[PDB]
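What follows is each chain in one-letter form.
Number of protein chains: 2
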Amino acid sequence: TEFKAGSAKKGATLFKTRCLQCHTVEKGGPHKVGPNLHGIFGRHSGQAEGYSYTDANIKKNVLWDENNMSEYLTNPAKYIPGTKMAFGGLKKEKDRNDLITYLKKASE
Amino acid sequence: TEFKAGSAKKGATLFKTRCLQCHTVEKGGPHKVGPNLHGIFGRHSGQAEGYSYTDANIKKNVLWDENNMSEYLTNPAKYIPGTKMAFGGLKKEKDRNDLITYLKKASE
Ligand code: HEC
Ligand code: HEC
Ligand SMILES: OC[C@H]1O[C@H](O[C@H]2[C@H](O)[C@@H](O)[C@H](OCCCCCC3CCCCC3)O[C@@H]2CO)[C@H](O)[C@@H](O)[C@@H]1O
Ligand SMILES: OC[C@H]1O[C@H](O[C@H]2[C@H](O)[C@@H](O)[C@H](OCCCCCC3CCCCC3)O[C@@H]2CO)[C@H](O)[C@@H](O)[C@@H]1O
Ligand SMILES: [Cl-]
Ligand SMILES: [Cl-]
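Protein chains in written order, with the entry's author numbering: chain A, -5 to -1, 1 to 103; chain A', -5 to -1, 1 to 103. A prime marks a further copy of an entry chain.
Derived by calculation from the structure, the hints in this document are not laboratory data.
You may find that some hints are simply not true.
Said to hold, decoys possible - Mimicking DSS-like on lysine-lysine, the simulated pairs with C-alpha atoms at most 30 Å apart in a straight line are:
#1 A:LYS55 - A':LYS79
#2 A':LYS22 - A:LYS55
#3 A:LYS86 - A':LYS55
#4 A':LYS87 - A:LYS86
#5 A:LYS4 - A':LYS86
#6 A:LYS11 - A':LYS11
#7 A':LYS54 - A:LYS87
#8 A':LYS99 - A:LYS5
#9 A':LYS89 - A:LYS(-2)
#10 A:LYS100 - A':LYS22
#11 A':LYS54 - A:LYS100
#12 A':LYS27 - A:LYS79
#13 A:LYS86 - A':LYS22
#14 A:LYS73 - A':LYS22
#15 A:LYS55 - A':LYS73
#16 A:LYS87 - A':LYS99
#17 A:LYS54 - A':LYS11
#18 A:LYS87 - A':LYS27
#19 A:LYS55 - A':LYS100
#20 A:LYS73 - A':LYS54
#21 A':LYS27 - A:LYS99
#22 A':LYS100 - A:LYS22
#23 A:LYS5 - A':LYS79
#24 A':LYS100 - A:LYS11
#25 A':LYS86 - A:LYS(-2)
#26 A:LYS5 - A':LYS89
#27 A':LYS87 - A:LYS11
#28 A':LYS22 - A':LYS5
#29 A':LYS(-2) - A:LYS73
#30 A:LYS27 - A':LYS73
#31 A:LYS73 - A':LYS5
#32 A:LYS27 - A':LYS100
#33 A:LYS89 - A':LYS79
Based on the sequences and whatever the hints tell you, model everything.
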């Protein structure tokens, strides 16, 4: 399902405990590991002034709104280049086919 | 789409360069960061003798075959507990609603 208006008060606590380590939100606030998020809604992803992103922002692009940010926050790590390869991820279907054809024989 | 028989020879090289760092495949081979994979096809996930898994193996369970291992190898990290939370992931839809309701106000 989709976004439904919730508790800004609980959301303030979630931001402090889950986001502030890598993001500020106030206008003119500093970048950290992640970019300052002022004005994030209504602008496109990957364009904060003064911050340079991973290659994700030439592979993906959204106009942030409540719905697609809700989907994003289920698993932001999967959009970081390298996360999938870290524990053996194989982007190419043909590579997974080759690996599995081998593993079927090698593990028998 | 689904699994199609591929190149065991290319798959052998993929295993050596992408899997061997954390897995052995031979019968009686040692565990490493990950479990030995002998006999993996046809047994259920999360049951290698002598290895104790993350909580993933009480949340997820498959009978490994070519198809579901192909899906798994697109992104194994997303099944490791903690990966999603690491960069701000919020499992509960109500938490994402609360966060986003706050962020909409705080970032304006
Ligand atoms: C707490 C739940 C959050 C929220 C609401 C967001 N993050 Fe992060 N984030 C981090 C990094 C390194 C990036 C850039 C990624 C890249 O360059 O590929 C981001 C990006 C975002 C965005 C997109 C910003 C844009 O300008 O498009 C958004 C909306 C976002 N984040 C929200 C790093 C981190 C963390 C470091 C461990 C943590 C924790 C979070 N983010 C948590 C959150
Ligand atoms: C190279 C592409 C591969 C392949 C084919 C597999 N892996 Fe891994 N793996 C690792 C860990 C720590 C685990 C256990 C996770 C947990 O306890 O939650 C696994 C698990 C697997 C399985 C499931 C095994 C089972 O008994 O059900 C399979 C089929 C599998 N892997 C295949 C760790 C790593 C790595 C450490 C960085 C790397 C690299 C890989 N795995 C790569 C691969
Ligand atoms: O993988 C299967 C899914 O693919 C699509 O979902 C897309 C969505 O359509 C697509 O809009 C979404 O994009 C999210 C991009 C998030 C941008 C993150 C930015 C962060 C900072 C730097 C640049 C990137 O990615 C999803 C896949 O990861 C389909 O829409 C879904 O129906 C389908 O379930
Ligand atoms: O998230 C949306 C998707 O959900 C389902 O896909 C499931 C599959 O049905 C489901 O079979 C699959 O399970 C994979 C579990 C991999 C087990 C990994 C083990 C490794 C070692 C320790 C225990 C776990 O997880 C997928 C979701 O992550 C649906 O089937 C899909 O159609 C749908 O696109
Ligand atoms: Cl492809
Ligand atoms: Cl829920």
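Going through the hints against the structure:
1. A:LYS55 - A':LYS79: 19 Å, holds
2. A':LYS22 - A:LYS55: 43 Å, violated
3. A:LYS86 - A':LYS55: 22 Å, holds
4. A':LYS87 - A:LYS86: The given pair, whose Cα atoms are some 28 Å apart, holds under the 30 Å limit.
5. A:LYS4 - A':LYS86: 18 Å, holds
6. A:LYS11 - A':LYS11: 43 Å, violated
7. A':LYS54 - A:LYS87: 27 Å, holds
8. A':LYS99 - A:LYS5: 13 Å, holds
9. A':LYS89 - A:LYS(-2): Within the cut-off at roughly 9 Å; holds.
10. A:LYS100 - A':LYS22: Between A:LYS100 and A':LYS22 the Cα gap is close to 12 Å, so the pair holds against 30 Å.
11. A':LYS54 - A:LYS100: 29 Å, holds
12. A':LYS27 - A:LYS79: 20 Å, holds
13. A:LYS86 - A':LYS22: 28 Å, holds
14. A:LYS73 - A':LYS22: 33 Å, violated
15. A:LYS55 - A':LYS73: Given pair A:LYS55, A':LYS73 holds - Cα atoms ~19 Å apart, limit 30 Å.
16. A:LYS87 - A':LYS99: Violated, because 37 Å separates the two Cα atoms, which is more than 30 Å.
17. A:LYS54 - A':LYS11: Distance of about 29 Å is within 30 Å: holds.
18. A:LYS87 - A':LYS27: Holds, at about 26 Å.
19. A:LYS55 - A':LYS100: 25 Å, holds
20. A:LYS73 - A':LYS54: 19 Å, holds
21. A':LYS27 - A:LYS99: 20 Å, holds
22. A':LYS100 - A:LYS22: This hinted pair holds, its Cα atoms lying about 12 Å apart.
23. A:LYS5 - A':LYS79: 20 Å, holds
24. A':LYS100 - A:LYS11: 14 Å, holds
25. A':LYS86 - A:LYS(-2): 16 Å, holds
26. A:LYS5 - A':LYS89: 10 Å, holds
27. A':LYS87 - A:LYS11: 17 Å, holds
28. A':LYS22 - A':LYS5: 22 Å, holds
29. A':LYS(-2) - A:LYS73: Between A':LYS(-2) and A:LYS73 the Cα gap is close to 26 Å, so the pair holds against 30 Å.
30. A:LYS27 - A':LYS73: Roughly 25 Å between the alpha carbons, so the hint for A:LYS27 and A':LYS73 holds.
31. A:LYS73 - A':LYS5: 26 Å, holds
32. A:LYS27 - A':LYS100: Given pair A:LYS27, A':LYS100 holds - Cα atoms ~21 Å apart, limit 30 Å.
33. A:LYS89 - A':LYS79: 27 Å, holds
Hint check: violations occur at hints 2, 6, 14 and 16; the rest are consistent with the structure.
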